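In the block that follows, a single chain appears as structure tokens, in the form deposited without the partner chain.
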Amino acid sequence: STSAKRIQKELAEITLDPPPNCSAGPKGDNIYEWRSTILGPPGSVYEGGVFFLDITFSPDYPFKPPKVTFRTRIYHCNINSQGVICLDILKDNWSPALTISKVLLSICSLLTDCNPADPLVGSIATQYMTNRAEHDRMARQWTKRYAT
């Protein structure tokens, strides 16, 4: 189908050229259900953390973005306690020109540079801007606590 063929193509692509600090692929024979491992970007507050994400592709992929959620609890203004990720390209800015590699690169980028002006957890966004020192202390603590 349009969908399985696209997924198989994107799987070959990502296996050959994975994003830095990231891997991703099917959980089993069902090619629509992937898992990903992302390492906290070196130099970031998440460094040393190992984060797991679930990825579910639609039967209408690539016309609907993949559903991507953090399984691993993380302290981040764009990622909530249910692992929902506030990322334009996962919602209104998706297009069929994008790929699961580009999504995962953008999420890696998001861990490096959060978007506090477009927050999912406003309290954390406010903290990032007014008391960065403390935000970063907490992000580090949660990384060690939950992602190690």
The other form holds:
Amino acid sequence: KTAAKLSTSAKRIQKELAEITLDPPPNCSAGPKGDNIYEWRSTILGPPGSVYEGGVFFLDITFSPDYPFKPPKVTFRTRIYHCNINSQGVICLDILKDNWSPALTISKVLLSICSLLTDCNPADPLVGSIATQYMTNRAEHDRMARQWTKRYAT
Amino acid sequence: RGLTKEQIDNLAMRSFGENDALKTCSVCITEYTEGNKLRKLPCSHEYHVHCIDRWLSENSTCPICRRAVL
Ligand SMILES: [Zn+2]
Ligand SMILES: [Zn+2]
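Now the other one: the form deposited with the partner chain bound, given that the block above is the form deposited without the partner chain.
And the full complex, kicking off with our chain again.
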């Protein structure tokens, strides 16, 4: 029925599950929520030294039957004050749009997201007002991001 | 968009040889096994035929280095 690319996607996710359990990226874990291999949950710790330090953030991860030839859908389920992550939890990250590659892995995705928490990209903002504040009133941006981290992510 | 079936068939193709036993197709995270067929792109990155053909049906660049295949 050629829906058998379910087999392709499931084999790849099954191997990645094993590898991300034995060798998780620093300060991240991820795994299936339940019986559906295509629907994972993930925890990210706020990178040390960043305004998100001490935060615990939850992400949803949904693989498509086309995986790994189409990117997974990854959305933040914890509120975070960050110009590339909006209140829908949409993440503005190139490798999740048209820079996706089938050689990427969910571990690589989580590492990029951690890198994005460490260094936001205000040239490609999802929350314009946060990007503008980040560039013109850096200290105000960091004060509020630390307050969000404390109230919403601990 | 990706490549025509003719452009795709014009890419290089060889059978698994014993030296490939130590290598991994980045798209399916699997070590090459005998009987496999491997495609090697101009940038010299290699994949299972079915693995990179599927990607080049709707895309035009190397999964690993992002160089244009043509
Ligand atoms: Zn392969
Ligand atoms: Zn290449």
